[PDB]
Structure formats: structure tokens, C-alpha cells
Amino acid sequence: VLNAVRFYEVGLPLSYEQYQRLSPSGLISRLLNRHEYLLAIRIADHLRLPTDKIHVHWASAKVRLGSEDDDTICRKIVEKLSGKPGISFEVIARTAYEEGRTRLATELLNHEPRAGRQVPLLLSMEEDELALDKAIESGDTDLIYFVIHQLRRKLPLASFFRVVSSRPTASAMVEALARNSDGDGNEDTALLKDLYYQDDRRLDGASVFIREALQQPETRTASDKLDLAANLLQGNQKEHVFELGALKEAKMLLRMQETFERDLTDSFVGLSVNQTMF
Amino acid sequence: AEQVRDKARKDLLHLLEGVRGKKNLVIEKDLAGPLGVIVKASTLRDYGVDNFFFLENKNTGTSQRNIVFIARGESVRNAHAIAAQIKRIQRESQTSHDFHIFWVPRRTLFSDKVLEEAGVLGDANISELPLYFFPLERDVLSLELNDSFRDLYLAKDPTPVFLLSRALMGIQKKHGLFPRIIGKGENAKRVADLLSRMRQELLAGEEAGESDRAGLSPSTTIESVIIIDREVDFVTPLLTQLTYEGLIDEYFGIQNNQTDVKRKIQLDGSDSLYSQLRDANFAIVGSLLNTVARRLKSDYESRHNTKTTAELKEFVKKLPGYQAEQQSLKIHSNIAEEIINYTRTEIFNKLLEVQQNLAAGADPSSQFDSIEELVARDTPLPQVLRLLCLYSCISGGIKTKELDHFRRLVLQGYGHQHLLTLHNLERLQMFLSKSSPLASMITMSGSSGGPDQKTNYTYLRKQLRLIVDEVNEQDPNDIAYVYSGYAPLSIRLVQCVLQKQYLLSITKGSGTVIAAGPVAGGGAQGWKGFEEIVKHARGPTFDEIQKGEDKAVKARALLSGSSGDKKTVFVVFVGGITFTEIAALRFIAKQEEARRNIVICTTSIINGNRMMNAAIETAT
Amino acid sequence: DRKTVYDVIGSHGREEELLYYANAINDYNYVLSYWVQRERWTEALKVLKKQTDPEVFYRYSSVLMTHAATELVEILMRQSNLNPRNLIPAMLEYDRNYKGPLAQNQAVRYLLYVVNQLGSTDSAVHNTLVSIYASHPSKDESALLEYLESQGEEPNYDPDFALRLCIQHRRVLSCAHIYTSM
Numbered sequence: 418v419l420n421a422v423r424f425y426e427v428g429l430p431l432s433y434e435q436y437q438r439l440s441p442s443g444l445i446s447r448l449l450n451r452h453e454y455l456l457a458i459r460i461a462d463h464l465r466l467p468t469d470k471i472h473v474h475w476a477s478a479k480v481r482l483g484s485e486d487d488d489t490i491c492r493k494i495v496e497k498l499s500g501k502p503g504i505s506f507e508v509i510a511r512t513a514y515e516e517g518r519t520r521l522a523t524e525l526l527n528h529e530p531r532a533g534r535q536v537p538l539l540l541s542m543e544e545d546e547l548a549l550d551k552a553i554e555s556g557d558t559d560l561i562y563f564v565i566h567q568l569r570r571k572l573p574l575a576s577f578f579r580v581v582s583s584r585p586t587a588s589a590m591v592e593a594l595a596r597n598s599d600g601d602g603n604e605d606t607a608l609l610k611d612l613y614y615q616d617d618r619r620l621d622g623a624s625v626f627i628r629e630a631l632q633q634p635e636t637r638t639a640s641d642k643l644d645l646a647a648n649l650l651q652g653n654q655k656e657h658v659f660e661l662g663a664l665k666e667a668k669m670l671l672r673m674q675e676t677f678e679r680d681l682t683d684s685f686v687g688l689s690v691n692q693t694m695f
Numbered sequence: 009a010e011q012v013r014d015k016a017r018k019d020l021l022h023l024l025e026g027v028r029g030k031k032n033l034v035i036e037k038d039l040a041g042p043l044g045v046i047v048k049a050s051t052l053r054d055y056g057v058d059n060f061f062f063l064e065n066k067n068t069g070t071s072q073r074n075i076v077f078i079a080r081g082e083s084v085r086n087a088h089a090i091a092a093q094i095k096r097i098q099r100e101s102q103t104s105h106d107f108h109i110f111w112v113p114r115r116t117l118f119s120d121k122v123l124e125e126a127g128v129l130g131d132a133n134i135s136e137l138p139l140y141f142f143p144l145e146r147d148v149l150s151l152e153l154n155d156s157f158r159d160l161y162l163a164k165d166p167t168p169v170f171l172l173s174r175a176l177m178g179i180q181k182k183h184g185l186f187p188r189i190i191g192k193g194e195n196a197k198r199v200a201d202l203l204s205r206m207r208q209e210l211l212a213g214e215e216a217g218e219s220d221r222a223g224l225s226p227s228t229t230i231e232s233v234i235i236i237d238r239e240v241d242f243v244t245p246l247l248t249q250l251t252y253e254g255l256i257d258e259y260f261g262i263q264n265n266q267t268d269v297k298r299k300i301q302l303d304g305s306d307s308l309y310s311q312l313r314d315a316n317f318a319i320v321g322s323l324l325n326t327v328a329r330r331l332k333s334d335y336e337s338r339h340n341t342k343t344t345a346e347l348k349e350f351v352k353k354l355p356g357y358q359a360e361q362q363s364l365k366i367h368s369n370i371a372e373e374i375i376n377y378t379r380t381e382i383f384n385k386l387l388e389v390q391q392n393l394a395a396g397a398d399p400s401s402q403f404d405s406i407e408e409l410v411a412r413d414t415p416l417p418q419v420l421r422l423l424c425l426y427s428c429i430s431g432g433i434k435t436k437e438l439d440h441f442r443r444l445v446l447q448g449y450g451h452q453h454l455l456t457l458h459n460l461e462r463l464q465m466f467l468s469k470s471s472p473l474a475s476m477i478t479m480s481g482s483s484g485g486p487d488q489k490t491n492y493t494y495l496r497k498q499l500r501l502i503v504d505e506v507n508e509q510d511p512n513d514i515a516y517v518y519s520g521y522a523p524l525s526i527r528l529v530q531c532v533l534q535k536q537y538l539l540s541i542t543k544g545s546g547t548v549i550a551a552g553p554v555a556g557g558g559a560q561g562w563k564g565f566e567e568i569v570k571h572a573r574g575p576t577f578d579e580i581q582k583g584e585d586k587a588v589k590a591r592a593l594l595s596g597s598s599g600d601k602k603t604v605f606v607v608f609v610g611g612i613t614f615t616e617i618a619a620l621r622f623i624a625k626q627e628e629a630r631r632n633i634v635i636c637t638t639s640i641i642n643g644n645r646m647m648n649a650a651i652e653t654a655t
Numbered sequence: 555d556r557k558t559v560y561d562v563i564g565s566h567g568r569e570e571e572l573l574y575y576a577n578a579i580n581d582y583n584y585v586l587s588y589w590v591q592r593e594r595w596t597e598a599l600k601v602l603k604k605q606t607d608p609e610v611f612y613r614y615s616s617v618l619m620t621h622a623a624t625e626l627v628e629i630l631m632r633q634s635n636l637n638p639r640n641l642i643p644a645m646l647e648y649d650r651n652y653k654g655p656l657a658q659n660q661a662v663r664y665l666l667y668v669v670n671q672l673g674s675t676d677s678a679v680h681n682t683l684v685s686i687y688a689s690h691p692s693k694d695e696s697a698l699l700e701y702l703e704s705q706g707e708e709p710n711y712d713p714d715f716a717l718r719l720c721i722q723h724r725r726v727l728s729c730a731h732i733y734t735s736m
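Chains as they are written, first to last, in the entry's author numbering: chain B, 418 to 695; chain A, 9 to 269, 297 to 655; chain C, 555 to 736.
Same shape as in the complex, but just chain B:
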């Protein structure tokens, strides 16, 4: 290693006492700081030192110093890192983010399949969409909810709903959170209506109000909530032919039951049409 770095072309001659004073790893960094990786490997090999830091330093040097495109560089980096199976992709991807090479960082993070780490890295990079994809592909409901909560907290609603709607699995999990504001049937209509607007779920918007209509005291509150549910059904009459006409029937079906309770004394509330006739 001393002769390897003593040649007049490239080198820095070193005595035994100087050799001993400089840390063993310092016999590598003396070259890495010069962006010399070919010799750095040779020196590390002779000294039986780790070479993972060499490939990391080199990859970072390409990220900051190269004039090449992000895709050209990321291909060269992954080819060199894949032959040295430590943890290097996060380290370079982090550098790539700092240097503005977010395309390069994205490619490097695709060589670390564990979403448990990729999701928080993408969130730390403030990269949306991708954070959901990693959580969804892994099927980790913690990571998906986590990304949803970070998107919900970071984005001003409209961007939150529009980003999750591009990933239907995330959109449904947004609804799942909105269906349980306090839990135990306490749904948040403020978030559900916007989620449904993105996916054109007109019948589900009404279903939220209808569930309130029926879970709340019968007749007295059902009439007010069913009328509110009807306001989410003001859409095209195609496809949902019977589902939309049902709102008029629901009002008449409840109205006749209340009428009978008043005049016939014995309540017919909660009974079906065939049961009331019986």
C-alpha cells in the first residue's frame, strides 16, 4: 500500500511512524477525499479493511460531482452496490435528495424492498404518492395509515384527498379512518363527503347519513337524516335507477308508520310493508 501510493503519478509516501499514527481507515480516506476509488479498494484489500465505505463515498461523489443524468448515474451506482451487499442505498439516496437528484434517490430506494424503512424515508424526503405505494405493495396497514396521517396533516385537504384517490387502496383506508372519528359509530361526515366526491361514491355518502338516520332514535331523527342523505343522491339517474328512487320510497315508508302510531295507537314503526299489512 505504501508503494501503491508512492508512485509519481498518484501517491502520498508514508513512514512507519506516520503509518501507525494515521488510522488504518485513514489509508483509505486519504484517497476517497481525492475521489479515488480504484486505488482505495486496492489499499483496503491489502489491509483487509471494509470496502463498503469506499463504494458509498464513490456513489456520493457521482451524485454531487457528476455531470451525467440521474438515470445514467443511478444505474452505475446500483450495479456497483449490488455486488457489495451491505446497507448503502439509503445513504446514497439521502445524499441524492440533498443534492436535488430526487429521481436518482427514487431508483436507489427501489433496491431496499422493506417498506418499513422506505416509507419513512420517502416521507422524510417529502415525496408523496411513492410513500403510499411502498406501504401498499408491502401490505402494511400501519405504514399505509401512517402515510395517510402524514398526508392528512401536511396537505390542506384538497391535495390530501386527490393524492389518495390516485391510489384506491389508500382512499378506502382514508374512509376507514373517517368512518371512526370517535369510534363506535361516530363517523366524520366532513371527511367522508370529500373522499366520496373523489371516487364518485354518491350512494356511500347517502349511506353514511342513512346509518345515522337508523342508529339515531327511530322516526324522530330518521326523517331528518334521511332527508339529508337524499342530498347526496342528487346525481345522474343512469345506473343507479332504483337506488336513487328509493329515497322517495324511504320517506313514504316511514311516514305511513308514524301516521299509524298517531291514529291507531299501536305503533307500526320499524315494520316492513308486508308486516304492517299483516
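It is worth saying that the hints were derived from the structure and are not from the lab.
Beta carbons: idealized from backbone N, C-alpha and C, even for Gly.
Relax, there's no trap hidden among the hints.
Now the in silico label distances, taken between C-beta atoms and shown as ranges:
no.	chain 1	residue 1	chain 2	residue 2	range
1	A	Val351	C	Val601	29 to 39 Å
2	B	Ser440	C	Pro643	38 to 48 Å
3	B	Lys501	C	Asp649	22 to 32 Å
Simulated crosslink set (EDC-like; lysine to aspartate or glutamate; CA at most 20 Å straight-line):
no.	chain 1	residue 1	chain 2	residue 2
4	C	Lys600	A	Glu25
5	A	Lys18	C	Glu570
6	A	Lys48	C	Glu570
7	C	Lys557	A	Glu349
8	C	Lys557	C	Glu571
9	B	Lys668	B	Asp641
10	B	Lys470	A	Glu218
11	C	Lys693	B	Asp469
12	A	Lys66	B	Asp599
13	B	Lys655	A	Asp487
14	A	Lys497	A	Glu566
15	B	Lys668	B	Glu629
For chain B, the structure is supplied; the task is to place chains A and C on it using the hints.
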């Protein structure tokens, strides 16, 4: 399936043992059932548990130093209820009141965050409790995600899809990886893709600088996993079960094998009468219970009378069985009365005639008169709604001129709550209408596999033997007997994967199909020979194999299985499996038993009355 | 009839009452079998402290070793006249399951405690200690070699054996040490 009971108990009881001193245990009511399947209250009391509390009713106390909570972390409901009880207990408690919280296999950041926000959870001991695929029955593994069906298809909520692929990983990671993954449907593919990615995560943990890399070898005991989505067959779930177990589920409902009537006796496959009667046809079981009464009375009320010890001991060692049989027999006799009151009143037989006539392709309008009578007789809501849905699903879309006549019975049968019922049926895609832009039955090579396409029953009724008039109710040679000749597609799509002999006999239908027999019989692996049918069903098709140098070695060992070395096969239903499907899978599992052990795996067990009462249970 | 009880319990699953009875009749084989299914750490240690049964202790420990091997040493080390080979080789099975440096550091600590407490001069004990240490040295290989060096040359016995294991892991830097040691 029973082999997972030890694992479920292991983790549940381990965490409880980690709690020092006496403790009070708080259990989520919607999780308590599944827990009761694996452990008894006495099992928990043996670990120092004193009182048993529930989250939903805010049941709390200060009687013990340690308070332990068990709940699902997939919803805030439990995080809030737990925090609420903790705040109340700390306010009243005169002791250290240490709190311990046990969550799903991967406790969520959301759940922990919500708990921490309470301000009283700062010293809480929070840990993972990886319980999955509960041993509900010897042949059945269930995640018991009872609301999976409704949420997965009403909101398209993938929660149970994600939990299922993880729960399946939770088995194959111990028994070896499935050498082949196949499935049909949008969610079925997702599970299959999730399993492939989860395998990468197990290797990635080393590359991520976290956990040690797993070897992830292929199984030597498990042949394959078959994943089928609920959306694939939307006709079978709309037929009433004709088997004895079906009679119980159709009239009363079976959950946790407990059920309402006394909670002193559990009815499951370990019962000497239930194992014989549960799959019996309703027309037959009425005679089987009398057969049991005659053989039981002969040994229970007679024969042993006046006998001396030398001969009496034969009845003494069996008497406990006779007493249990007599107690179960009276219960079974009460179930028989429930069916008798529908067969002597033209209710059960009337709905069956409708199901059989529709299955055969009869014009659905002709069955309308029979459906009207059932509504008029005030039969159970799910029994009328199934007939008011199936007719359209079989036809593959009907003109509004006829749909409205059935729709009138839906609103008349359900009252003002029918509005939620109709919305749920459309969202669950269990009701078809010609006026819909989605009313398109898949055609031959018609760019199939989209979310906007539906399974072409009217084509598959010729491609597969979905119409069977050869069913023997007392001694069946086909799964069709469960419905008296319906030969349900959801099972045929599995049978044709499980065995090549099934593929050969199942596709031998109409004269324009049987010509492919010799091709169907070559389907030794994957979907081969079944492509004609797979392409006509709803959703995409998945078929992938395990990578690695030894993949061929394991595949040869698994295809060399024999009666002295039976191999395990996993059949997976996404979104929940009905009781009719479970009985049908037991029938085929028995036929293949000589070579392989086929186990039923599901996100949940769907009650026949759970799908059609979604607007009733969520309306309460 | 013991079997009658075992069979009846299995059909319903009331294991906790069976365990109590099983302890009264002292069916050691059954008590341990049931423990493995549940892995109730606390219970296993109570049983081992009371009866131990060294002939079964080893196979039983194979499961317990994963959770906390150190505790098992403290229990058995005080059981009268102990055969030292009952604690040493247990680590051979543990290292097969783990790869990481934290498992390896735990592995070193287990063996050092066992041999230091035993004070055994047995060649089988020393041979296994050397093999595992060289096979799974963690990070501080030098400190670990220093321990064997301190004990002496005899504990290694076979020059080529100890060398092959040390050399394959690291060359030159670690070679000089192991060659100087013996």
C-alpha cells in the same frame, strides 16, 4: 387448522405471563369471540386474571394492580376506549395501576399515537400480540374479520386483504413458502402480489440493516395456495343452504360455534352427531335425527338395564357420550322443528324451487309469484332478499321493466331501511341491472380482467357443470347437493385448480365444450386447460412460482405425495367464505383426502344472513 | 387412569386444569410437552428449579435458549454435581438460528459465564468453546482470542482446527494473533 391453536395461545398467554401480580383483563367484544375459540376464561384465570371487562360498555375497576387490554389496532375505537378506561381507573385507583396493552401483530403508529395523546398512557406497556387465523374448526382457519365483507366491498377497504396476505405469510414463513401462488379476482391478485413482496421484505430486513435475513425456503409439506376473491362468484352467496349446518345458520346464525337458543353446549365437528349430520341435506336430516334417537335410545334407555358389571361396563364408558348425544339430540330436534315449520308451510321448499329454476336458466319472471308469497308470509329478511337478488345475477342483467317488480318486494320486505339495503347491494355488486354501464358479461377474449366486468354465468353454465340433476341428497357424488343441484361456481373455480381430474369432469358440460375434455385433462399445473373459463370470470388472473435453486426439488417432492405422506393445500377466500362454500370444500377435501390435506382459509366466515342484513345490523 | 384424563381434556381443550393435575401425578414428560406448546417462560424455570432432570434438561433447554439462555445457566449450575457438557453445547443450536452481531455477543457471554463458573478442564468443553468462539467471534475478535490465550495452549488442543476457523473469518490481521497464541 387446529395446529395453529397452540401458536395463538402461545402469544396470548405469553404476554399475560409477562404481567406480574394479579391483573384485570379488558377484552374487545368483537375480538373476545375469536379469543374464546383459543383460550377459556379459566385458561386466563390460571395466569392471574381476576375480573373480565369490556371496552364497548366502558366496564372498569380498581380491584387489581395490573390492568391488561386486548384489542384490534385497525380502528381508533379501541385506542379511545382503552385510553378512556385508563383515565377513569387512574382517577379512582388507590394503587400503582400499571397498564398493559396488547395489539395486532404489528401495532400501528396511529394506535400508539392516539393512546399517547390521552396524556395518561405515558407509562403504558404496549406490545404486539400476533394472533391470526383462529382455529374456528378443525378444517377451517379464520382471521375472524367479521366486518371484512361489508367494508372490503362497500368502501373497497383493503384492510382484510393486507391482513390476509400477512396472516398467510405468518404460516408459510414457518411451514415453508408456497412453491406456487395462484388466484382469481382483484383482491385475490393483491394477496398473491403481497405475498411475493412480503418474501422480499424478509430478505430486505438484512439489506435494510434491521432483522436477520430469513432463508425463505419452499415448503416440503405444502403444495400450493389458491386465492379466490368474493367478487368472482356473486351468485352462490345468494342461495340458501340446504344442509343441516345451513339450517342452523339460515334460521339462527352460527358464530364462535356458540350461537343463540344455550351456551352450555358447543356445537362443532368434535360432536359425534354433528360430524354426521352437519353436512346432511334438510330433506334427509329429519330422518337422521330419528335414526340417532333410535340407536341412542337403544343404548341409553335400554340394553344396559339389569346388566352386571362384566357387560354393563360397555355402556358405562360410553354413557357420557350418550348423555352428550341426548343433550345434542334435543337441540338438533329443535332445529329440525324450525325447518319443519318452513317445509310444511311452503316456505323453505318454495325458495328452493326458485333457486333451482333460476339455476337451470328459467326466465326469472316466472319465479316472481313464488317470491311474492315468501314476502307475504313474513319470512326472514335475508331469505326474501336473496331471491330478489339472485334472479338478476343469474341472468346477467335484466331490463328495468322486470327489475322493478322484484325491487318493489325489496322495499316492501325491508321497510324504510330498504334504502340502505339497495345501496349496499349495488356497492357489494350483488344486484345487476341492464340499464347500468357496468352491465357487461365477459365475452371470449373480450379484453377481460377489468373491474367493470362481470362473470358470465350465462356462458359458464355451459362451460362448467353448474347445473346438476344427478344429486343424491343422502349419498351425494357432487358438491351440488348442498344446493340440490347448483354446483356453485366459486367451488368449481377451485376444484379445477386443486386436481386435473376435477378439471376434466367439471368442464365436461355442453356439446360445444366437451370437445376440450382432452385439453382440460392436461391441467396438471396452474390454470392450464382452464383458461377458457378463467378468462370469463371477473377480475385479473394471477400465476407465479417460488424462485430459488431448490424450487424444482420441493416441487417434485410435493407432486410425489401419497397416502403415507399427505401434502397440505391452502384454499383461500378473500372477503369471507359462506357456510355453503365450506361444506362444498369439505366434500371435495374428503375425496382428495387420500393424497392431500386441504384446509379452508378465510378472512372471515360469512353467515348466510350476514350479507343481506348489512342494512339491519349497521342500522341498529 | 391417567390416559383417560389426558384424552378427555384434549377433546375440549381445558389444558390449565390438566396441568395442575399433571403436577400432582408428576407426569414430567407431559408437563414439559405442554409448556413447549405455550412457551410460558415463568413456568419452565419453576419446574427446572424444582426437579431439573438433567437427562431431559438439555433437549428442553433447546427451546428456552432462544428467550434467555443466561437464566438457564444459573438454575442448572447450582444443581449439585453437574456434568459441564450439559450447558456448553446448547449454544451450537442457538447460533444456527441467528446471524446478527447482537446474537453473537450474547452467545459469547453465555459461554464465558458457563465455563468460568464450572472451572472445567474437560477437553470436550474446551474444544466446543474454541469452535464457537472462532466460528462466531462478533466484532471484537481480539478480546475473545485473548480470553482463550489467557487460559493457555491446551484448551485449543488441535492447532489446525483453531487456525482454520480463525483464518477463514479474517486473514493476516487475525492470523498473526492465533498463530502466536498456539
